[PDB]
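Novice: Spelled out from the first residue to the last, the chains are:
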Amino acid sequence: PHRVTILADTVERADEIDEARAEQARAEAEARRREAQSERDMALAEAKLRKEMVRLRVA
Amino acid sequence: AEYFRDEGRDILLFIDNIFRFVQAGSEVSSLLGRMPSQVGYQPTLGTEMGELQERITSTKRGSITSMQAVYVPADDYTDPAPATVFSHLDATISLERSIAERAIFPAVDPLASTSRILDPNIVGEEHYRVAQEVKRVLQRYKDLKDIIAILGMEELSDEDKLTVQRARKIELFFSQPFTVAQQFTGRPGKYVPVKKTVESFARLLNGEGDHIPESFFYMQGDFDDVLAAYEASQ
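Going line by line, the protein sequences match chains R and F. Heads up, the first sequence stops at 129 in the deposited numbering, and the numbers go up one at a time, no gaps. Heads up, the second sequence stops at 470 in the deposited numbering, and the numbers go up one at a time, no gaps.
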């Protein structure tokens with residue numbers, strides 16, 4: 071009676087952003103990739119590489 | 237001792253701290269005006285070592301079972317005196333400071349300790365195989381020492397991990413109480429026959445004793461004593 075909850079699994083069209091004027095979603099993946107997935111996956115792989123290669127060199 | 241060797245009697249010869257003989261030679265040479273060599277040692281180091289050591293030989297008339305001791309200055313195995321001794325021996329036993337500081341009183345480094353008669357035709361095929369495996373383990377451990385020290389046990393592979401704890405158990409198990417150690421240690425001495433030692437280490441390498449914690453191998457006899465202690469502590 072006082073509050074409404076919509077546990078929707080997914081949302082698409084939105085007059086706020088929709089397809090045209092949509093900005094948040096634009097580059098949102100990169101906002102959660104360059105420092106999260108994209109680049110970072112390699113970024114942490116470079117740490118594994120340069121560390122592993124010098125690990126045998128110190129032995 | 238050469239009189240008894242020449243008439244056929246078997247002789248046990250225990251010369252203690254050949255390095256002191258070398259040091260006495262060095263002091264005498266320094267007082268004699270000879271030109272010093274390397275770290276203040278006498279120029280005639282090799283010849284003096286040859287003259288003393290070549291007399292300690294079992295000949296066709298009798299046998300001398302020599303057992304010497306050598307003191308390394310500081311902890312330098314590159315010192316000229318031990319370096320000269322190393323080529324005059326059949327069986328070499330190396331005591332390390334780190335092993336002793338780890339409370340392993342025998343303190344023998346298996347990797348740096350070798351012997352000439354460690355041959356399957358002389359000591360036995362099983363003994364040779366066991367010794368070679370006990371060295372290949374602890375060689376893997378010396379290779380992974382840095383990895384373990386800086387990262388930890390987790391980064392190693394499963395087989396590498398298992399070899400590492402087997403190496404630590406072996407290192408602990410080489411310790412053995414001595415009957416002459418009762419004066420400062422209350423642990424009674426143990427005399428483990430070579431057959432029992434070979435059997436114990438073969439069983440340990442097979443996988444038996446993996447469940448036992450490493451602390452149970454410290455200052456024990458054969459593997460049966462370790463198993464009995466484990467059962468006593470359940």
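Errors might be hidden in some of the hints.
When the alpha-carbon atoms are kept at most 35 Å apart in a straight line, the in silico DSBU-like pairs for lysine-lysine are as follows [said to hold, decoys possible]:
#1 R:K118 with F:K378
#2 R:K121 with F:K378
#3 F:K426 with F:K378
#4 F:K426 with F:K371
#5 R:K118 with F:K426
#6 F:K432 with R:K118
#7 F:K397 with R:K121
#8 F:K381 with R:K121
#9 R:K118 with F:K371
#10 F:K371 with R:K121
Facing chain R, according to a computed beta carbon distance under 8 Å, are these residues of chain F, among others [stated by the list, open to error]:
#11 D379
#12 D382
#13 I383
Please keep in mind that the hints were generated in silico from the structure rather than gathered at the bench. The beta-carbon is built from N, C-alpha and C at its ideal position, and this holds for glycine as well.
Novice: Does each hint fit the structure? Answer for all of them.
Specialist: Hint check results:
Between the alpha carbons of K118 (chain R) and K378 (chain F) the distance comes to roughly 23 Å, so the proposed pair stays at or under 35 Å and holds. Distance check on the hinted pair: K121 (chain R) and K378 (chain F) sit about 20 Å apart at the alpha-carbon level, within 35 Å; holds. Restraint check for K426 (chain F) and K378 (chain F): satisfied, since their Cα atoms lie roughly 28 Å apart, inside the 35 Å limit. A threshold of 35 Å between alpha carbons decides the hint, and for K426 (chain F) with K371 (chain F) the separation of about 23 Å falls inside it, so the pair holds.
The straight-line distance between the Cα atoms of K118 (chain R) and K426 (chain F) is roughly 49 Å, outside the 35 Å bound, and the hint therefore fails. With a CA separation close to 46 Å, the supplied pair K432 (chain F) and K118 (chain R) exceeds the 35 Å bound. With a CA separation close to 20 Å, the supplied pair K397 (chain F) and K121 (chain R) stays within the 35 Å bound. For the hint pairing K381 (chain F) with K121 (chain R), the CA-to-CA distance comes to about 17 Å; that is within 35 Å, so the pair holds.
Our distance criterion of 35 Å between C-alpha atoms is met by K118 (chain R) and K371 (chain F), whose separation comes to about 31 Å. For the proposed pair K371 (chain F) and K121 (chain R), the alpha carbon gap of about 29 Å is at most 35 Å, so the pair holds. Here the hint on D379 (chain F) is kept, as its CB sits about 7 Å from the closest CB of chain R, short of 8 Å. The interface hint given for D382 (chain F) is met, as the beta carbon of that residue sits about 6 Å from the closest beta carbon of chain R, less than 8 Å.
Taking 8 Å as the C-beta cut-off, the interface hint given for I383 (chain F) holds, the closest approach to chain R being about 7 Å.
In terms of the numbered hints stated before, the structure departs from hints 5, 6, listed from lowest to highest.
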